[PDB]
Amino acid sequence: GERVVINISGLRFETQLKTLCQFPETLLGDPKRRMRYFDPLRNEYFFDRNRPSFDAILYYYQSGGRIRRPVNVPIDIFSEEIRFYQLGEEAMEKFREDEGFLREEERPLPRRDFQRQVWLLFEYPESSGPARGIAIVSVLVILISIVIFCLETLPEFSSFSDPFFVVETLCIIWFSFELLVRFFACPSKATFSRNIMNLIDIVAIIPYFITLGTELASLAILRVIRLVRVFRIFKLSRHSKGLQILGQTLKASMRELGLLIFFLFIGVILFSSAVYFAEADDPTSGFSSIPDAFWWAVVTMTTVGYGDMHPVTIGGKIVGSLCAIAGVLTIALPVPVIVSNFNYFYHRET
Amino acid sequence: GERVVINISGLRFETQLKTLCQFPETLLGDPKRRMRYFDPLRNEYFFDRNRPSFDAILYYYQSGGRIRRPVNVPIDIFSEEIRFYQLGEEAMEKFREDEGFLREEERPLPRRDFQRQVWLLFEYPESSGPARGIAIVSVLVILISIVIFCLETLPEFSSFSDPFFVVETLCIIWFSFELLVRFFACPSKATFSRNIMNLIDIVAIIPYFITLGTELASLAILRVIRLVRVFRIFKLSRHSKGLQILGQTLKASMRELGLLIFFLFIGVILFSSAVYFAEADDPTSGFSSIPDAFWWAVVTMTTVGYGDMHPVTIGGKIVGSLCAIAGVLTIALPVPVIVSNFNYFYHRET
Amino acid sequence: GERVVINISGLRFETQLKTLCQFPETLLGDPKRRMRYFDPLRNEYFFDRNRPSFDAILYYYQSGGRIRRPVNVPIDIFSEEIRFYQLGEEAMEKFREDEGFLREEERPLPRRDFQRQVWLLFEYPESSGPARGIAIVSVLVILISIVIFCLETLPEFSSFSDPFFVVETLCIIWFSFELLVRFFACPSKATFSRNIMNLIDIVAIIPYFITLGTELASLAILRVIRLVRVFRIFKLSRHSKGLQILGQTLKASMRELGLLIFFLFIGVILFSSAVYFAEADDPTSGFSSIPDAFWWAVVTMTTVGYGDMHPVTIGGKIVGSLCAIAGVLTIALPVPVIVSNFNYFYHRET
Amino acid sequence: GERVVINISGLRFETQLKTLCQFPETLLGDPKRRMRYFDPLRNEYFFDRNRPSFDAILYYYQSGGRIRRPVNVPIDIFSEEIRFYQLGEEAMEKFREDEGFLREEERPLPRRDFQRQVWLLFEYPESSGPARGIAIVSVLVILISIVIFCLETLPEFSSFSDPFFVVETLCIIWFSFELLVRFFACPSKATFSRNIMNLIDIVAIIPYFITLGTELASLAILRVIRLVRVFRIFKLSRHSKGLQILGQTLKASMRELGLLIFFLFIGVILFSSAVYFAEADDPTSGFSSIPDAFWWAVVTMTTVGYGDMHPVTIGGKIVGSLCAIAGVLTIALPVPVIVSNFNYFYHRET
Amino acid sequence: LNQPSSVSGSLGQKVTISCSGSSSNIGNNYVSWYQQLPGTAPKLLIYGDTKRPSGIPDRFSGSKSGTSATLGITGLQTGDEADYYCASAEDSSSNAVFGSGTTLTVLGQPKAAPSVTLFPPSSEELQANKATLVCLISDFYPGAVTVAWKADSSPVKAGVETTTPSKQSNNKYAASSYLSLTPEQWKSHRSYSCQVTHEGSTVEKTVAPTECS
Amino acid sequence: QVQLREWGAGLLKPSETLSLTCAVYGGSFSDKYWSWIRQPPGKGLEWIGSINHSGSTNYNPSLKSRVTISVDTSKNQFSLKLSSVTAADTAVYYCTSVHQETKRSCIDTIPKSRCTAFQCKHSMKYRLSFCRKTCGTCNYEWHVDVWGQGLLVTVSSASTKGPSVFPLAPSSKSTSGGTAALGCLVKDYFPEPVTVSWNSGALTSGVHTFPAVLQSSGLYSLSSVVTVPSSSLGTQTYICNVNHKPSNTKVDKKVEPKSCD
Ligand SMILES: [K+]
Ligand SMILES: [K+]
Ligand SMILES: [K+]
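Chains as they are written, first to last, in this note's numbering: chain A, 1 to 350; chain B, 1 to 350; chain C, 1 to 350; chain D, 1 to 350; chain E, 1 to 213; chain F, 1 to 261.
Chain A extracted, bound-state conformation:
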């Protein structure tokens, strides 16, 4: 248990031999390794290296692997220094996690020589020119599908005299090929369910098939199915990294949307009642019930102010002024949390 006087550029740093002996793969825990640096003239190893970063490494030996970065040393020089002392790769990952970066993950691969060949072609698009081509085709089949949905409703517009059935069929044919190839060439049929984008593909392909069946074999129930056709805009989220951050932002902030709608509802039951009672006995617009004023308090608090219903007394007008300012405050109170979450996810890309 003799004291060892390591010297880093003039700054002496004595520690007990056992404290370093506990870690034997490091530079100072491997005597055949550290011997080179040890100068025996004064019995003190001399390393001419950065001075204010040896304190961290000592704590790692002293506290059984607790590695923390001094906040007056940049990451590059601290990352380089753990390497010279050869604390070891397992140590580096602990440091990497402390910064909080996303340098952990790795994809699997089919590795069968053909399953690997189709999967590379479809899942990853920058890898080869045929692959860049497939994806560009897939943005068009979604854009020529959404154009068909809105046009059908225009007032002017299996007999196949309907071109909004031939064009839908080609679109519900390509989308189905992508779903099937992706399934057969997938490395795992367990993680196929995990991706939400595969579920988006299932939901945007179903209502064409149950419509087909009803004709091939709910009169206003059909309409519930007709709207569920609108979830083909969320097939854009594969070929866009600007939308996947919106996915991760709204999943990590569910509590601060519950708060936004809760705060907004309490006001709509608290300002509406005031204006109904204030404009009670006059030809007061439509304030004929507390339940009626709920439209007026949502339009004034969110600042849209359509102007359909407005107060017409003096008490109504003073309650309208307080309603407008209480809605700029109860809106702007939970939104800084959600804007901050987007900023962390957006820049962490780098």
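The set of hints was computed from the structure by calculation and includes no laboratory data.
There could be a bad hint or two in this list.
Said to hold, decoys possible - Counterexamples of contact, computed for chain D against chain C with all Cβ distances above 12 angstroms: (1) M35; (2) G65; (3) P108.
Unchecked claim - Chain C is faced by these chain D residues, among others (derived, beta-carbon under 8 angstroms): (4) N50; (5) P52; (6) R69; (7) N72.
Unchecked claim - Short derived list, chain F residues pointing at chain A, Cβ under 10 angstroms: (8) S105; (9) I107; (10) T109; (11) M124; (12) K125; (13) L128; (14) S129; (15) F130.
C-beta atoms are modelled at their ideal positions from N, C-alpha and C, and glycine is treated no differently.
Chain A is fixed; fit chains B, C, D, E and F with the ligands onto it per the hints.
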């Protein structure tokens, strides 16, 4: 007058023994307690610890107090050090105080077996199963009461044949049993008239009884009694940590709401006068008095813009443009203080 | 020169004696003063104090006259050390001009038996009881001076029969009275004219007297004097430490209001021209000239949207969408500078 | 393998001599310069200046050139320190590059004393009094050209009888003259056309000349030309350092405007479809097609709310409430990036 | 509301009955029509100018040509012949004015030889010292008879009271005739009879004061 | 089904104010109004007047001063009143339940100059809220639902008497083969009319009742005839049940055949 030399891992700190004997309960203060970590050959008290944190412990002896954290030493590592030096619990408390963290609050319990059982049933909802049941069945009674208060004033809708009176009566009982059972089980009936939420409960009960009294023994006083019915939504404030943080944010930010309404009023008396004089002699909407334009300047400055009254000359229109921009500025000037207060109270939960 | 070695708790500082000589007065300059600390057993002084804050002291001597604070030492402890070494109150001033904390403006209370005892009654209100009385009655007279400018121009309403003339004059009596007490008791006449709050009083007292002069001896003069009367509500800026901060914000941010109005004007000449050309040949509302659309582009960009004039083609509507988003951006670009200036002035009060 | 012992004010640094010789120009490298301070008795080279700033210098030689700045030492003291040491011009500019002030460039100059004379006359108007005159005549000519553009279309308003052609011919004469005298006195005729502000001048000079030429030679191509005349208001961007920051800001953040318009479009196709289906079978305003509701969802989400089309059922109204709140969120999510870019460019002027 | 005197129509014929009013009444598009058999209440024939009230055939049609409202019965059936009224409001909705009527008549019922019934006074009616002579006419179409009395071969004319023709249960008509005579003149002549002629044919029923039962 | 039964004073004096009351069973819970309809014999239909469930009565513009109808939601019943009755006002009165719905409380909220062709056409806040009247986003009805049978109210100063009933049976010459006539004689009665049944409603084969005539003395006259098989002459008990509502009279005269006792 002797010079003790401490040696934290190679770094020599030297100090007056008098400064070290100020407190004997501390590891270094008692000669016997600190004697173990002494080295006869070097005449020093060697410790193999953290080099950057002992500067702060030696200030505490030198200043006889004023524990402060070096700002490069992480909170966990510094706390670990105060315990090893056995600084003592009084010092520990002062350290938490400078950061300001609060764990001090403590709530006594009746502990009379019957009282302890009832108070841990109606006060801490997670302590069992029955307390979860009471919490859910109270949230239910609040919610059906609010729907009865709005649908009671739709326009299609003690004889006890009215359904609205019967359903309201059952709720006014549950509300009072919970106030009475809490009152009996309260450990200290001094505190009971001081808590805000206890008061929010009594106010919901009062309107129902005064009516029953009027009807068993106020023309618009009764309409006010119907308005003060509206505070039964605030009974939710116990069953949410979203409303309590809004209560503290609007309590510790009263000055920055006084400023908001004061700034807004000065503008409404300064822009309204301009538009009345500019649109003075023309069939100018309703700008027939400076007092009339006050509705136009509150709707344009808060950005609601209903469109009921608008300016119709060239001077009126130039004053309407300056009014709109001066209201985005005099609104957004005190709101960053109030949004910051919510953020401190919201995250300090952790 | 001779190398003074200064120990500060175990941290040996060394320098040249001629550097200490630069200031003869300081604790390290007068050798009779620093004689107490010297210990000849080790030949070195031992000033037992905080080790990490002696560095800036020695840097002040070496550069001859620069002081800065170490960033990991708090303002209480750096200040305490400056006093112990007596760098002098002029040096303590240098620290102050670096921290920036509000410095003390000289209090020139005047000097005479009653002449000072009156400027204390009116200018400083917190001094006693009757000064509190003058503050409260002056705020009451300002608020019946605004009520009479609004209720006078209501359409329902030196005769002496005229309640409005008599109430207007008691106010002009009191404003003139209070101003003359304070122009006589002022410590300096030249400074009085410079202060803005003396100019506010003069221009609020002018128009009642020059109307009396013209009335007792004007085609647009009479038109505009009734508008410059609206500046009696800036007399309230003396009894309110939340308007003086708004005055200092708007003075320290004139450049970022020039930018706001300049950015807003460029858009109004760039979006208006587009909508006039797009809705050129149709019964297109009032878009009969590029000069006409200027009202539509100020109401859509500031988000008021009255709804008086709206686009009615497809090109007009696409230009209306781009106009709305380009106005949320060109408004929100210079406002963070002005909100930040208010925050510095607001909190620097402490 | 010789250990030298530099001692900066007491804090001893020890290094091998090969490290010092790595850079010859440095004070330590050259033997002649270093020998001046060496003190033979202690064998150490004493210097007497800031101690906390020598670590970055010694880490410079160690790293072979990578120079940093420690986070506690301010910029002035660190810059003055590199100078006393004598490192090199590339080292100083490497510090300026690691810091982030971009002072590297200059401007070529004709060096002919006529080309030099008039290029100094025109381009750098803080030269002389006449250059200030030419800048002010240039600002006034741009302004009367915009005034001429908008007045032309007012309903009431080459035979020389028409005033508007004559005043517009004089402004085109002065624009063309300024552009040609700048182009011939420009020290490169090759870096000219790559610029932007000269391209703006060409674009605002072209359509009058093609009007003239074809006047002396399905919907008028003249009409599209008559739209590109509006870019004469971008020639204020030479005489205004608040439009050039908006140019660099809107360039450096194109991605966060693509995101803003993309997020806004996805909502307009997702809320519009809901309201069309909800208000499907009733005299529901104009919601006669999903393509029709696109105006309603752009006006409600951006908060303009003109009030021309509003929902009239219960499902329409609940979709209108969710539309209003989802537009305050999808607007405020990418705007903090663009406001931050303006702040960096705006203050970096200093 | 003015309507002409009479309209005569057959089985299977189309008659457009006019309601000529004004635009305070027919310009309401909420007119009323009725149908009145004598001896019954009026029954709602039409409402709303086209709408059909319950119990009314779709064949009746309220075609309107301006202020002269029409009634179109396609194929006039048997049970329709009655008094037909116009009705509406006037310048208000809680208000009303009717018409005075027109008679609609249907020809085409079953004709037959009349089943006439004669009742001689009762013995208690001779004790009550009065003599009414019952001469009833039933099962006869068209509804036209003249009412005669027959002493042994000589006419009796005075004291006659007869009723106009009225309808019976099984799609035919019914009538009656009363000869008011003193009992001293009833018990003075040996035989009394009721001559009734339907379409020229006279069916006789004879009674005497002296025939028991 | 709304069942309407009329009850009141039916035989009144000159210059005495009228009173009927219609018993209304089957009250539908809708917006439908009750009134009365009068009709003299040979004279056309005429409305008298209504009352609604709110309280506003409406009458014929020719006849506002001579009606008073009252409501009662406790008995669910409607009434009638006529003043100054004379010989022209001899009528039978049918109580009636009528369906009467109406159509105008619009105002231009904003000054008229602002309301224009462009705005009404393109802006809904202008069209259905700010300018309803100048744009045009703001006519009658009368048709009955439930008729009544009628009650005869006739003005007179004379007195009312009951009927005299007599057995009328066929003889040995009046027989018409296998089917013979049989009936009753209602003579010297006032007023019109009186019904004569058979077997309390069990004999309807060949039932023939006749309308009554007027006399110069003030009484009315009718008789009956039913066609029965002549073998049953003397077998069944034939009872023509005269019921007189203004006199409360029921004379159960059983009809027996002829004999010479
Ligand atoms: K807004
Ligand atoms: K708005
Ligand atoms: K609006």
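Hint check against the structure, violated hint numbers in rising order:
Going through the list in order, the structure violates hint 6 alone and respects the others.
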